[PDB]
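Mind having a look at this structure? Questions to follow.
In this view, the complex is presented without one of its protein chains, the others remaining in place.
First chain written, first letter: the chains are A and B, and each begins at residue 1.
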Amino acid sequence: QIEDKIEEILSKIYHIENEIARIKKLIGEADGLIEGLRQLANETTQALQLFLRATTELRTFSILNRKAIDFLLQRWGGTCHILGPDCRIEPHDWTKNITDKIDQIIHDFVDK
Amino acid sequence: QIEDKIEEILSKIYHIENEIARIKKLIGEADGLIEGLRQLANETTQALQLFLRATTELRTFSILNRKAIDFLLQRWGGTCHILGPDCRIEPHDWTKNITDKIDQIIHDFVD
Partner (left out) sequence: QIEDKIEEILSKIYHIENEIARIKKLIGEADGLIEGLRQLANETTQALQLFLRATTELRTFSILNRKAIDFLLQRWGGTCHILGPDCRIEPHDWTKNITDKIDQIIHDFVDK
């Protein structure tokens, strides 16, 4: 019955060999799942840089249309005269702020 | 050859011991991806809020430049006269739409 305990130890090993395989099946879809995370963060970071491009072009161009509008309304007391207090509203320069967040996403996910 | 079957039983146990280790590594990886997923969704959601900020300032500011241009062109039949039917085109207010989507990404991933 030594040869018996050895046939049982062999059955165990056969069955816990089955599990190892099944397990590997579930925990299987997970390697590049990190590489897929590094790619989502890359394309995203790319579309965000095209918006910063466009967005800063609109800001400059529209601030230039106010420079012209300020000239034309001079002969009227100025823009603040024709527009009211809204003449004070101007678009901020979110370039650096937006830039720094786009750099974080990269450093944190794409360079890693 | 009893001592043989016992040397093989020992090699299996050696190899299925290696798997357990490797598996624990993945079962340890996906935690990273689970977490890292909630962080990409956070930063992204942050850069999207700065664009909503910038974008609505441009919309308001440019609607105000048309209010001035509307005044100046009065002595000409009005903007619709100088510009044609495009005088009807105005930028929509996507603030709520954009806002709802940024709220989804947060609720779904950051919270």
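Observations on the model:
Note that a residue touches a chain if its C-beta (ideal position, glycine included) is under 8 Å from a C-beta of that chain, and two chains touch if they have at least 3 such contacts.
Chain B residues in contact with the hidden partner, per the touch definition given at the top, are 2-3, 6, 9-10, 13, 16-17, 20, 23-24, 27, 30, 33-34, 37, 40-41, 44, 48, 51, 55, 58-59, 62, 65-66, 69, 72-73, 79, 82-83, 86-87, 89-92, 94, 97-98, 101-102, 104-105, 108-109. Chain A meets the missing chain through residues 2, 5-6, 9, 12-13, 16, 19-20, 23, 26-27, 29-30, 33, 36-37, 39-40, 43-44, 46-47, 50-51, 53-55, 57-58, 60-62, 64-65, 67-69, 71-72.
In the analysis below, only the chains that are shown with their structure count from here on.
Our note on geometry: chain A versus chain B, Cα centroid distance of 5 Å, whole angstroms.
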